[PDB]
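Take a look at this single chain, the form deposited in one PDB entry, given in structure tokens.
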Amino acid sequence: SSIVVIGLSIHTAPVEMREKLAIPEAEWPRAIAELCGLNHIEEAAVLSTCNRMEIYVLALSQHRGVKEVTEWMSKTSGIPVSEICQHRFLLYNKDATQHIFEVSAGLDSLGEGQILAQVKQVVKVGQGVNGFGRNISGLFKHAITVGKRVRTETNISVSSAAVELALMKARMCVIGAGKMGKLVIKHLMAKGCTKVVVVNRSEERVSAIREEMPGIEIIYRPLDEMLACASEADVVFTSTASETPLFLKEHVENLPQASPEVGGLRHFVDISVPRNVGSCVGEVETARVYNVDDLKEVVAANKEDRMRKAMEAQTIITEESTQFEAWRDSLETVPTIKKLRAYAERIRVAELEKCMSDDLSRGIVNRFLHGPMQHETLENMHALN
């Protein structure tokens, strides 16, 4: 068997394609179940983010496993298999553990430790899933450990990037007071702002946030009133879990143009995958659409990032990688090697039921098994086989 990671990244696939592979936290167990139903898959896990959508699986054979998973991706996203095969991120075993550890540590920016919070959610959701086997789950738990150790002992988000994307420009308006929206508000405070219109389905979360940030003024407007407060502001932050765009061509080209105090152009920062603006909106002259793909225009500098990461985090990553590789093959010779029972038992029963033609046999056997069982540990089991 072997561990495989098969995914799509913001480095290769554009948002309009990745969003079709997007699987919200709801369908995760269902997804994993479907995945394990394939002939060459024993265990599975799904990681969906603004930047990546990756699938971690266990396969008996690599090629057929990748084949099946890719066809599943096609069937569930409605994307031609070869078209996926172009933008396909593929890694096996040790390189896969390396990659996921890198992801947890947050070197794949743009998420430190914000890309780690999305992993604990995976291991917690996958608690009641039988498709979340020992290899992949253990791999993700180890990924959490690596994430934490690399987070605390290093330098070490999409929201802040979005806020700072205002360089392309108060009068603020964020749609969706989720953890993402709350972070956006925080970074709106950080860069000196005291007026935001927070549109949310619930007044509970918005009022809960207002009680945490008494310096900034929070104005609640109903979710179905999103269009009115779109032409009432200059910049709109869409941070909702919608599976369909909230704005389109129709809703935006009749809106009273924003005050020319700041250009007259309205900014639609769409920090959600799947998108909430639908790309087409940008066809209006008095407004522009900036999705998560355009959130790499913050600081194009790889002098500190690459150097510090390679010279500081990679040692931890490699140590923990080889450690997990010393955890994987070792934690599979634990419930399988104890098959030495069936041998011993066969020697125990026979010899007894041959002599009968009980505390003694059980005594000898169990006391002879006390040694090896309780305790280069791979040679401790392989030699017995």
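Numbering follows the first chain given and starts at 1. The term rigid core refers to the maximal set of C-alpha atoms that superpose within 1.5 Å between the two forms. Compared with the form deposited in another entry:
Among the candidates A33, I316, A326, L352, the CA atom that moves 2 angstroms or more between these two forms after core superposition belongs to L352 alone. Relative to the superposed core, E232 undergoes a C-alpha shift smaller than 2 Å between these two forms.
In the core-superposed comparison between these two forms, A117 has its Cα shifted by less than 2 Å. A movement of the C-alpha atom of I337 reaching 2 angstroms or beyond is seen between these two forms when the two forms are aligned on their rigid core.
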Contents of the next structure:
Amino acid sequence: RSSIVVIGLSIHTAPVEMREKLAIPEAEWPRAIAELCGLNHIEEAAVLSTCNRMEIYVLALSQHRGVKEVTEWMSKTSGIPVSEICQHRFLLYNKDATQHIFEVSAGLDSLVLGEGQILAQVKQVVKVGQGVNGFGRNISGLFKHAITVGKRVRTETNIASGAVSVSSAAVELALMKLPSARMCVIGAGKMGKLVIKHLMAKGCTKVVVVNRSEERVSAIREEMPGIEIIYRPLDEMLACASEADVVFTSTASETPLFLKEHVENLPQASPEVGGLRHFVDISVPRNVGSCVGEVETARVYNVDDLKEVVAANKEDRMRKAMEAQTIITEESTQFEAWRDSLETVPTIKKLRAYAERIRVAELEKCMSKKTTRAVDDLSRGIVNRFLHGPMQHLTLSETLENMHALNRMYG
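Alongside the form deposited in one PDB entry that was just displayed, please also present the structure of the form deposited in another entry.
Coming up is the bare chain, nothing alongside it.
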């Protein structure tokens, strides 16, 4: 009866300036989930917060009321009015929802038509969620089965991770906008490391890397001997951007690192590269204020702006994204069977108790007329000899029909 619902904003609809207001740091996922499960028609929840999407997966008692509650909650936490959110809201139920989260995890819904993508993020959601009570059987199962799908599709389609494609796209765009340009990367985590790899493969031999800690950059430097990596601590940020022509920002900061004030005071980029400083900001929330675009000699790009790249062997238009959909169609119906095989739990318990109410009444009825252990045992023996059979019968399609039968034949 109860529905699994997906309720989201994605890059397919909402802009990054809208989407980043529903962004939920990993450290606040357990809090978010608890809040959602506090709503009257929501029993389980999970948040999938990535750069292309903010998606809330719930197990709702009522579809309509679940959607009203989660949407009102989105409005409260983000600051965004319900009316705006509804205009960009994405909504699917049950089979469509599991279908969706399978395509997302496989890389068949985001932005390039041949991508990872969210397999790493679906694993992170399962990790973080293990302690979280609200992350119950249904939604955890969905996500776990999404991990399975992600991996299968990955080996068939061989489609690179979403992290690989966004970083790849950042380098292509920078090289697109440029007519030796000085490269600078702020945030040496997974993504900035990827940006650096893509710059190397493009032939870049020197990059200045600004990071919170030096240790990460030390690792990367040790790991990539071929290129000259120059570490700079975060408080030297503004010096770096001024000695750079393009600035990649890839940090988990929840507030912009650059406002209009910071960049207008920066010396102009070299005329050799057109006199413009290209801020390529692949962070969500963004590390660059959109006001920076008011600065004449500056250019700002965010994840949404990687859409005018999307060019990398388009022949996977079918192959990858075709070989994968068959996987998705078989795993879905497999998962639905699995979901249906969960109501088998309330049945095993109940049926036992159903026979236990008959056993007790008849026992009691008899005892009003250690022979007492004899008849107690007789009453247990008859019942166990009737439960024992149905105990294992609760293939999976025959186990399912067994369950439905007991329910019809009893309660």
